[PDB]
Each structure stands twice: as structure tokens, then as C-alpha cells.
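A.B. asks: Below are the chains, spelled out letter by letter.
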Amino acid sequence: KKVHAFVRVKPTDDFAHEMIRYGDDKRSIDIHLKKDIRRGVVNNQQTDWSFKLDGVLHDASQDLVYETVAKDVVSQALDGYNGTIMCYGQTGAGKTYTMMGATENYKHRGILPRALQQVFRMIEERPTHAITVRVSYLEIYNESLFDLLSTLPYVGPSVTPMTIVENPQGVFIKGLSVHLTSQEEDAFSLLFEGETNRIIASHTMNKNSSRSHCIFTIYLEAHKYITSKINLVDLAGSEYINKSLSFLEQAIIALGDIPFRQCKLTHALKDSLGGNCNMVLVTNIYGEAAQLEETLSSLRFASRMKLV
Amino acid sequence: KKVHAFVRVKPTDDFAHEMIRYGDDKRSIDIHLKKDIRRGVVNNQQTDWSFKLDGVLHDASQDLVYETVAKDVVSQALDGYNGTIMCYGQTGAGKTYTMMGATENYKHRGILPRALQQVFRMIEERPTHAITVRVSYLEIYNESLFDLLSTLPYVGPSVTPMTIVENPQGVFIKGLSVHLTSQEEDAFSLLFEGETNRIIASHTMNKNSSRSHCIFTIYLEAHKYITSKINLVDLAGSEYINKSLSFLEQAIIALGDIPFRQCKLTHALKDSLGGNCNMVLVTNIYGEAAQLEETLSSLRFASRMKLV
Amino acid sequence: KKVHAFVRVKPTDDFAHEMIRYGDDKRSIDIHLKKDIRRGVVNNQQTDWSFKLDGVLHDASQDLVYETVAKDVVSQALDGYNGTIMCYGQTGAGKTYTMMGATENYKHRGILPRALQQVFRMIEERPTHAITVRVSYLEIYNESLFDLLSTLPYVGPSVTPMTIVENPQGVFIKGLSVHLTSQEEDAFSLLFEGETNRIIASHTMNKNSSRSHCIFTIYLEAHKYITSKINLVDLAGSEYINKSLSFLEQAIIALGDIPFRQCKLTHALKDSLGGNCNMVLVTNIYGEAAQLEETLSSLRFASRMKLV
Ligand SMILES: Nc1ncnc2c1ncn2[C@@H]1O[C@H](COP(=O)(O)OP(=O)(O)O)[C@@H](O)[C@H]1O
Ligand SMILES: Nc1ncnc2c1ncn2[C@@H]1O[C@H](COP(=O)(O)OP(=O)(O)O)[C@@H](O)[C@H]1O
Ligand SMILES: Nc1ncnc2c1ncn2[C@@H]1O[C@H](COP(=O)(O)OP(=O)(O)O)[C@@H](O)[C@H]1O
Ligand SMILES: [Cl-]
Ligand SMILES: [Cl-]
Ligand SMILES: [Cl-]
Ligand SMILES: [Mg+2]
Ligand SMILES: [Mg+2]
Ligand SMILES: [Mg+2]
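So the protein sequences, as listed, match chains A, A' and A''. A prime marks a further copy of an entry chain.
According to the entry's author numbering, the residues represented by the first sequence are 5 to 227, 235 to 250, 267 to 284, 290 to 340, in order.
According to the entry's author numbering, the residues represented by the second sequence are 5 to 227, 235 to 250, 267 to 284, 290 to 340, in order.
According to the entry's author numbering, the residues represented by the third sequence are 5 to 227, 235 to 250, 267 to 284, 290 to 340, in order.
Just chain A, same shape as in the assembly:
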């Protein structure tokens, strides 16, 4: 099966025990909101919701998230199948921790570095194959495209103009620099550089990072001549404040039941949505009562993926 939707709950000392309930199947989650105090509201409002997804992860290690959501998609990529892993959820819920993780201790590193590590590990198990790895790192902010690995990465589209294009092989970004990474250390160094660059560019350009989408792309070529891309995506916060998410959610509604070019995000991800791609959605949610309404919104989104 090509599309998966998971939920990762953020750990908390103050878990909403009464309001958040995990199914025995480890795939279900039920939300029980507190009844409204207003007499007109309390007897007209739905307070209970049930959701069945591909997996629900709470108090899950980084190692376990990777094994569960990511490992297979990265495996299929060396065989020529495009894979996208996307983190979605409100600001603070755990998207960047899930995708990047701790930048200063191995055990707590996230999906993206483990993906790079797995690619190069896998290349060792295929000694008769000439496997070549390339990377790019793109930020989308307010309908503008930024190259996190460009030669002057703290200045905008005026200097480094980029345009999403399409060909028989998929969707690429004209102007977005593509870097050959011979070994995992080359790929790790570039991930570090682009992350440093992202931070500098947010300060330099007065961007709110909660509103940006970041897409790290691994381009694979192995020769049987095969090519693929793995897209590792940290989305803008879903609390819609960030318009482009609405086109992404609209797209996913359409696929379940599309103007891809209407939005940079949906255009960049066209090949990840319509058909020829292993899509994994990781839905980051708070475990606390005060965020339950945004949590339900995220879970309703997560729940659209089974119909795609």
C-alpha cells in the first residue's frame, strides 16, 4: 500500500487522560472533549470523535518512529520508487523534533539524518551497483522559494530566482542547487549547513519559521537503470493561518473523492500526491487538554489519507 498516516503524540507531564484514549489495536485514537457550559451549546455539539490511522505512537523513541514510519519508504527508494515523508501539526506539537530531532546527541536524531544514514548503509549492501546520491534543501515561505544551500543563502528570490518545473520524470525546481554527496559525511555536512542557513535567513529576512515549509530532497540514481527521490518535509504549523496548507488539504480531499500550480507547496509536491509515490504522513499532536481542538483538526486531516 502506497499511502500511510501515523500519529505521534508529544510527551507531557500533564496528559489529558480523560480526553485522549488509545485503542488496543495501536492504530486508533478517541477524543472526548469537555462538555460546553452554555445551555444552548452542550446538547447540540459533538464532543466525541474516533479515528483509525495506520499507527498511533505515544511516548515513542526516535528509533521507533523511524522504524515504523520511514524505514520502508527509504528502502523502496533504492529500488526506484519515489517516497515522501511529511510532518504535519500545530506549532509546538513536534514536527521539527520528529523530522530533524536533536542536533547534539545521536540517540535523539530524527527521520531526516536517519534517512541519509540508511541510504549510504544500503549502498554498501549493493556492491555491484554504482549508486550516486545528490541532495537539495528548499524552504517555501509565503509563496516564495528559497535555497538553503545557495551561495548567498541569506538573501531572497531577487538574486536566486527559482521556478517549479515539470517533465516526464516529475517535478523539479529550476534554480535550486543540487549537491553530489559521495559519502554520508558530505550529506550530513550539507544538512548542517542548510539548517544553519535556515536560521540565519529567518533572522535576516524577518521570517516566522512556524509559517515556512522545508523540503529536503534526496535524489538517487543506481545502475537496470533506476532513479528516485525521497522528499522529507517539515510543514508549516497547522494552527488556516498558513494558507498553503489549505490547498494541500483541499488536494488530499480531491484525491480521496486539482490545481497543483495554485500553490508552491502543492506544485512542489505534485508527484507526492497524484499517484506514483509512497506517501507517509506523520501527524504531530500535543497530549494536553488546552490543545485538544487543534489536535482534532490535525486528526481529521490525518484521517483523509486512507481514502487517497
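If you are wondering where the hints come from, they were derived from the structure by calculation, not from laboratory data.
There's no promise every hint is true.
Same chains, same names: a pair is fine if it fits in one copy or spans any two.
Said to hold, decoys possible - Below, in silico cross-link-like pairs of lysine-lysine (PhoX-like), each with a Cα-Cα straight-line distance of 25 Å or less: (1) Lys30 - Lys178; (2) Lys6 - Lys56; (3) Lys211 - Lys235; (4) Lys178 - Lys235; (5) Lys211 - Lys75; (6) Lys14 - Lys38; (7) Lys5 - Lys56.
Add chains A' and A'' with the ligands to chain A, keeping to what the hints say.
C.D. replies: This is chains A' and A'' with the ligands only, laid out in the frame that chain A set:
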């Protein structure tokens, strides 16, 4: 003299002894087709043709081809004279073997690697000159331009748009990457990379390589301030199936007796045709009877160069 | 104070003692032309002029010029303030010697190499700051833009098209290559490369270098997140032969009392003129009588800066 036309015959256990005859002068070749069996045809059809070119090479070593067709043109380049060496002929006749040669034993390497070797050797004989070498590698396929040394060389013009341009110094390719090669090993590595890339791109883009033109360019700068280019060209098979050859043949007809921009090939080679260039044509022909008609077509083309 | 104007007199065995007089204040210079021999002219013509600038340097060492005109502006740059140092004056007066200096002995090196040296020295005094240095090198000639560090730097705008652009951060040059310099040796090597390239490009493109403007840009990023540029400018000779200077002089007249886009120079330097920049003008003048008229023209220009 600025224009030379040679013929190289491909070696064969089944040579067409009755039908292919080499002149004593080592410059002539005569073709004697078999008479048609049809009564209306046999007494109205020309079966004998004679051709005089600058040299006819049969059962010739790689070392001898280089010394004969290429060596002088590469010499003149360090002195500031542009040089083009072009292989022409039907698919299977020996264009790629003549231009690239054996990629896995020194003795049988072709023109292109020997040219790179000669350039850097010559730089050693000129110790008071600061000589700088740069390279590019371009494939032309079906009126599209591809950079064999680009950062993502298995995707097309959509990502890496290129445009042939002209200035007081000649014709160049905007968007085509140009690589400084400090030593012969840097140039050899890039030739290897672009060749690997060509193969991957043919599989990835479903190109038939018999239909593509490939142009390796050596840009020389030596300081008396001098610049030159050496263009080493492996043309599309001449069996016209490949349209662009017809504009090249038309061009050469015109020069002997021009809309350069009508065709990418003729535009890219504008400076190699009209005037200020040492042009060497190497015409690759089969030695076998079954290919004699295409052989004659190639020799008629080869024979247009003496009038240029 | 943001704008400074200095004068550097070129040393001479034949100094114009009667006609050139230095004020005690080391900031003033007076010019006394020789009376015209024509009866109608001599009693209607001004022969005496006085000028007060920020400093007048005669028989000044390279070390002293740097300390006086440049040192502070380079200091302010690490703190986030943009700085431009510009050499102006007639061909032969000392612009290139002041800005580049002797390329073959340390003591006599000019402003530009000392600036690069000071930047990297200063980075050592700031061990808790991550400071990143980038460079570009641009020649402006006859309204065309050239990249002195491009991949084929002896061919023009046809291959390497560049466009001056503007954003909330200032004015940059789309298409102009930007090079990360990790250490002073990387920056020194690129300065050497671009200078070699400039010379080759002047011969190759038949440029008169007295008519070109050259702008070496140091891009600084330090993290408090700060960015700046230092622009080190060697202008075209002011003997106007070179049109673009007239728009620069017009601009400076306007600021003292603007169509920046009318001229590549003024557009490239927009951020150096209107407001947010530490501008230092170094006015190179001959010490000899035969050049006194061009000297006065330069000093009248130098004198416009105090009103900016
Ligand atoms: N599973 C988790 N375990 C421990 N800490 C987490 C986890 N998920 C998120 N956090 C922490 O919560 C904070 C917010 O997480 P982050 O990934 O930055 O949210 P988002 O990217 O969705 O805005 C971070 O300081 C991070 O350390
Ligand atoms: N002079 C030669 N000596 C030995 N083998 C040759 C020679 N010319 C061509 N060949 C062989 O013939 C085949 C076709 O040659 P190739 O150069 O690929 O043709 P083209 O490029 O014109 O299609 C190759 O396998 C090559 O090894
Ligand atoms: N202060 C100085 N001390 C010694 N020589 C100088 C000085 N200024 C200029 N020169 C010399 O004068 C010549 C012209 O100077 P240059 O800097 O090339 O002029 P410009 O760049 O203004 O045309 C050079 O040969 C240079 O060595
Ligand atoms: Cl963990
Ligand atoms: Cl041989
Ligand atoms: Cl000095
Ligand atoms: Mg985040
Ligand atoms: Mg071939
Ligand atoms: Mg000069």
C-alpha cells in the same frame, strides 16, 4: 589549408574486395556496386564512383588515426587557432570508437583523450606561458541541449535551460557548465563523468544514442594574449533519419558553392563552418558489401569538404 | 560621521611647489594656477582655489593610507554597518596603486588586501561569534557587467548574463558569482584570480581598463544576527570621457542639495550613496603642474562629499 576530409574504413573479416578499391595515392577510394538484376535498371544506373579525399585509412591503428587527422589541429589550437574534429557516418561504422575509443586499454583510446593528453603535454613545452584549460560536454538530441557535466545530468532542459549565443569571440552556450581542468587527470575524470552521465541520461530519458550529437569542447587561454577552442564532435548516425544532419550537409553545400540558427547543430558549429577554423572531417565507413549504399552516401558527403 | 573625503597626492620628483599648497591643518589644499598669457583671459579668470577635505595625504605610505581612510570602515562592517571605499581621479593619478597596490611586495600592498586581512584578523578577536565571509568581483565597462570570478571570465554578458536587483536588504547582482572564503588565503587567491582574469578579459575583449569600474565586495555574516557588505571600488579615470562618472557626480550633487537605474555604476552603488552606508572617497591627484586642471576637477568632486 584549413579544411581536411579523411575516410576511416572499419575492419572486417568479410571485406568487399570486388566493390571497394583503394588508390595507390592513399587518398582515393573507388566504389563498384553490383549491377542490378532488373533489366530496366541495370543499363540506366551508375554503379561506379571515384572519390579523392585528404587521406583514406583502412586497418589503421588508433595511434595512426590521431597522428594523421588530429595532431596538427590540436597543435594550432595552443597558438590561438580554433579547431574542430568531427566524426560522421552510419551507426556502427566506427564514429564512437574513433572519437572515444576503448575506455579500458590505453593503446586503443581515441581522438578525444589523446587531444586532452596532447594539450597538457604541450603546456609543458611552454614553461614561460601561463596556459589555462577548461572543458564542456554537450549532447544535442532532437533539437534539445543537454549538459553532460551538469549538477543533475539525468534530467532535461526544464531544469538546466541552455541557449546558443554569439559574440565577437564566437558561439557559446549559455547555461552549459564550463570546468577548469588544472591537470590532465582533472580533464580525464570529467570525460569519464560525462560519458557515464550520457549513458544514464539515455536510459533515464529514453534517448536513442544513435540519434544524438555529442560535442566535447576544450577552451584554451594562454598568455601575446591568445584564446581558442578545440571542438571534438561525435555526430548522430547518418543512415536522413536524423534531420539536423541535413542542415549540416546543406550548410557544407552552401560553403562550397546560410540559416545557422535553424538547427542547434549548425548553430553550435557556426564558427567551425564559416571561415575562422581548422575543420577536420573523419568519415567512418563499413568495409562490407551490405552497407555499400550508405557508404557511398557518406563518401559523397566527405567529398563536399574540399570545396569549402 | 558617515561620509569622508580624502585626497592622496601622487609622489613626484617635479612637484608643483608654486601651484600646490598644503594647509597646516592637514585637511586643506590650495591650488594656484599659472595666469593665462592672453590679455582678455588673465583678468577675467579665477586662478586660485581652496579646498577643505577630511584629510590630505602626500608622500604617504600604504600603511598610513589604510589606517587613515579604511581601517574604521572595515571595523564598523563586522558590527553590521555597510561600508564603501572608492578611489577616484584621472588615469595615472594612483587609484589602482591605492586600492590594489604592489602585487609583489607586502609593504606596498593596497587597501583591498589589507581589508581582507583585517576582516579575518578581527574574526580571531571574536571567538564566540560564528563569522562567515563571502566575496564577489565585478567589472562595469561601458554599461555592461562582467564577473571577474566566473567559470569563463574572458567572454562577456552573452554567456554570463547579470542584472542588478534590489530587495529589503539592499542592492545585489543577480548572476554574479559569490564565493565563500573560509580563511584569508582563500580570499587572497580569489583576488589574485580575478585580477589575472581582469587583465586577460581586457586583452580578449579589447577593453581599455582606464574606462572600467571594478567593485570587490566582501559579504559579512556574523551571529545578535548581523550582515554587512564592504564595497572596495576602483573607478574609471575621471579625465567626462567615461559617461557613468557624470551620473555618479550628478548623484552626489543631488544628495548634497535620483535616477539610480540610469547607470549601472550608480545602480550598483545605490546603497552606498542614499543613506545607510559609511562612504569613504579617496581622491587621487598628480603632484605635477601639467595635470593641475584635471586635479582641480577632481578636488571639486572630492569637495561635494561634505554636503552629502
Ligand atoms: N517526542 C518528543 N520528545 C521530547 N521532546 C519533544 C518531542 N516532541 C517535541 N518535543 C519538544 O517540544 C518542542 C517543540 O517541538 P518542535 O519539534 O520544535 O515543534 P514544531 O516543529 O511542530 O513547532 C521542542 O523543544 C522539542 O524539544
Ligand atoms: N577501427 C576499429 N577497430 C576495431 N573495432 C572497431 C573499429 N571501429 C569500430 N569498431 C567496433 O565496431 C562497433 C561499432 O563502432 P562504434 O564506434 O560504436 O560505431 P558508431 O559510433 O558509428 O555507431 C564497436 O563495438 C567497436 O568496437
Ligand atoms: N603613492 C604612490 N607611490 C608610488 N607609486 C605610485 C603611487 N601612486 C601611483 N604610483 C605609480 O603610478 C603609476 C600609475 O598609478 P595607477 O595606480 O596605475 O593609476 P590609475 O589606476 O589611477 O590609472 C603606477 O605605475 C604606480 O606604480
Ligand atoms: Cl528517542
Ligand atoms: Cl589501435
Ligand atoms: Cl608604502
Ligand atoms: Mg518546527
Ligand atoms: Mg556512436
Ligand atoms: Mg587603474
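A.B. asks: Run every hint past the structure and note whether it holds.
C.D. replies: Evaluation of the provided hints:
1. In this assembly of identical chains, the alpha carbons of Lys30 and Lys178 never lie at most 25 Å apart, being 42 Å within a copy and 53 Å across copies at closest.
2. In this assembly of identical chains, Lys6 and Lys56 lie within 25 Å of each other by CA distance solely inside one copy; the values are 17 Å within and 66 Å between copies.
3. Only between protomers do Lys211 and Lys235 lie at most 25 Å apart by alpha-carbon distance; the minimum there is 15 Å, versus 45 Å within a single protomer.
4. Within a single copy, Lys178 and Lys235 get their C-alpha atoms no closer than 28 Å, and across copies no closer than 33 Å, so neither meets the 25 Å cut-off.
5. When the C-alpha separation of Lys211 and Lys75 is checked against a cutoff of 25 Å, the pair qualifies neither within a copy, at 33 Å, nor between copies, at 34 Å.
6. Taking CA atoms no more than 25 Å apart as the test, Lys14 paired with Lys38 passes inside one copy only; the shortest distance there is 20 Å, against 86 Å between copies.
7. Within a single copy, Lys5 and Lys56 get their C-alpha atoms as close as 16 Å, which meets the 25 Å cut-off; across copies the closest is 68 Å, which misses it.
Comparing the model with each earlier hint shows violations of hints 1, 4 and 5; every other hint is respected.
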